[PDB]
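Peer 1: Next come the chains, spelled out residue by residue.
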Amino acid sequence: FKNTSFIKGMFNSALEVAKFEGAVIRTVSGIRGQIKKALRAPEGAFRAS
Amino acid sequence: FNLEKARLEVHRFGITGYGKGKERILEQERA
Amino acid sequence: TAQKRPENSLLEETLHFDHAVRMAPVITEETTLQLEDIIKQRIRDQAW
Amino acid sequence: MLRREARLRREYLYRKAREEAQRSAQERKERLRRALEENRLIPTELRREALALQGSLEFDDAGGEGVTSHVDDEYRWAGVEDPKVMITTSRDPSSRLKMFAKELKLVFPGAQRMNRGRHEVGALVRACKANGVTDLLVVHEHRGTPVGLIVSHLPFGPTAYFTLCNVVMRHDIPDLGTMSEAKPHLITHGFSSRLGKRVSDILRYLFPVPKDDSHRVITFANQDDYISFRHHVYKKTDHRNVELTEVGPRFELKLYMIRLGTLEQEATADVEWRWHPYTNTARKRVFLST
Amino acid sequence: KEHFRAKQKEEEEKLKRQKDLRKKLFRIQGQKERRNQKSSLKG
RNA sequence: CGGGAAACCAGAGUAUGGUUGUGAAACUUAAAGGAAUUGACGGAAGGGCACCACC
RNA sequence: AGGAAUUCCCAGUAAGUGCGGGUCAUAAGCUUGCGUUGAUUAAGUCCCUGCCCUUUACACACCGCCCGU
Ligand SMILES: [Mg+2]
Ligand SMILES: [Mg+2]
Ligand SMILES: [Mg+2]
Ligand SMILES: [Mg+2]
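Chains as they are written, first to last, in the entry's author numbering: chain W, 1037 to 1085; chain P, 166 to 196; chain L, 391 to 438; chain V, 1 to 290; chain D, 1234 to 1276.
The hints are simulated quantities; they were obtained by calculation from the structure and are not laboratory data.
Don't be surprised by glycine CBs; every beta carbon is placed ideally from N, CA and C.
Be aware that a few hints might be false.
Claimed, not checked - Cut-off 27 Å, straight-line C-alpha distance, at most; resulting in silico cross-link-like pairs (DSS-like, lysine-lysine):
{"no.": "1", "chain 1": "V", "residue 1": "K284", "chain 2": "W", "residue 2": "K1055"}
{"no.": "2", "chain 1": "D", "residue 1": "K1265", "chain 2": "P", "residue 2": "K170"}
{"no.": "3", "chain 1": "P", "residue 1": "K170", "chain 2": "P", "residue 2": "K185"}
To be verified - Taking CB as the label site, the calculated pair distances span:
{"no.": "4", "chain 1": "V", "residue 1": "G66", "chain 2": "W", "residue 2": "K1055", "range": "53 to 61 Å"}
{"no.": "5", "chain 1": "W", "residue 1": "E1079", "chain 2": "V", "residue 2": "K183", "range": "33 to 41 Å"}
{"no.": "6", "chain 1": "V", "residue 1": "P208", "chain 2": "D", "residue 2": "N1269", "range": "53 to 61 Å"}
Can you make the complete structure from the sequences, with help from the hints?
Peer 2: Structure, rendered in structure tokens:
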């Protein structure tokens, strides 16, 4: 969704996302982002802006 | 008592005696 | 990736990473008392 | 009226662009004045056109308005007239959001709260301008807790965007009673930078001129770009000893956007300041204090 | 494009010798202005 | 009329840093124990107002 | 078809219905826009529960001293 994107494959549980909230992430293209909040529908996805 | 500070103040009061037209033209000369 | 690593492995890993932004401040009694001390000082001096 | 409003906006924007030029022209004028008063060299920059600035010095007087300020143009009637504040919510408000909006009416003297039904945002601003509403407040909620606040100055004034962090309302606390409703004293603390002065001005002009003997105090304290809102009433039991009783809501503010236009002008208004969280050094930087 | 870029390098160097050569002459002019201060009031 | 250097004799501004310029607590929130023709309160009445009250 | 208590609400308002966006903050079973249909009662008093003030511009007319420590 424009800036906001849904990411899977980095983690495998909701406990994992809670440990790494606010971590700096980036793409191969060089766009920098932030981990915001975990998602429930798959096991280890999260929301990132 | 500073002479340099007093010297300017004495000058300005005197020039107003000349007149406002003469006040101006003398002021241009100083600048 | 997540597939290679076992489940819940990173919980004990103690990795190092960086945070993007500052965390929100936590309110406690001590912060309340210092803030009230500031308010009382302005009241005495009429520093409105 | 619509033509008049458009004309006043172009006049305001025209003056804002030339504000910096007049300040530099004013600054050069004072340097020449010091050189004349104390006999010294005219500065080499001021050596040419010195006569023209000297001619201007004679023409300057207390009668002129002086250098213009875009802040003064926005808050023209800040001191002379009492502000008129209107509070509204997002469409289909929650139960607790309506309860929060009821309390904000009590905090601001003379404020009014109106129901938001199927009103278009642009239509709301048009009605506020017609009836002389000075400031408009819009509050957002998430899962029954207030999360965002927008403050807009109606006569093409600045629009400030806030996010609420730790909201505790009077309705949660039992058996408090009734509020004082007197004109309050304002305490501003922690704002030292230029932007902090800009933000504190917007919050202060929401309130009217109080009385000297008023016992109502509202405090805005800045700490690491977080503004704490506190409301208190004090009693002087004896000299030098004062008691404080907390009344009213308690919440935190974090500014992230200031725009020149009104909230109906999202697609056109310029941004005076914005928070950039993806900056490489954004984590270790603060903006409301020096 | 490179020719214009090549040209701009010399005026950057040229202005450097311009200010240094003018610098020695500037001090002599400044000393003359001192005498005008004492006679500024007289005329 | 002769020479005058290709002659003759033998300067201010900012900015950024430095350097300097016999006890009031171990004791005390009773104005270290005040000021006052100037100070500190109480009651009653009147004028308003509220989806913090009524109907 | 949701007791006792308790909260909110005056006109395109209460309530119902759909269709979008995710906009450098917040927001995922959630957040915010936009349109559609559209009501009952009320336009006045200080009786309860409280709040803000007062009791020292001489047209006509009206009116003719708040109290106590
Ligand atoms: Mg509704
Ligand atoms: Mg509706
Ligand atoms: Mg029911
Ligand atoms: Mg709907």
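Peer 1: Against this structure, judge whether each hint is valid.
Peer 2: Tested hints:
{"no.": "1", "hint": "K284(V) with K1055(W)", "result": "holds (21 Å)"}
{"no.": "2", "hint": "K1265(D) with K170(P)", "result": "holds (24 Å)"}
{"no.": "3", "hint": "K170(P) with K185(P)", "result": "holds (23 Å)"}
{"no.": "4", "hint": "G66(V) with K1055(W): 53 to 61 Å", "result": "holds (59 Å)"}
{"no.": "5", "hint": "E1079(W) with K183(V): 33 to 41 Å", "result": "violated (57 Å)"}
{"no.": "6", "hint": "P208(V) with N1269(D): 53 to 61 Å", "result": "holds (59 Å)"}
Consistency note: the structure conflicts with earlier hint 5 alone.
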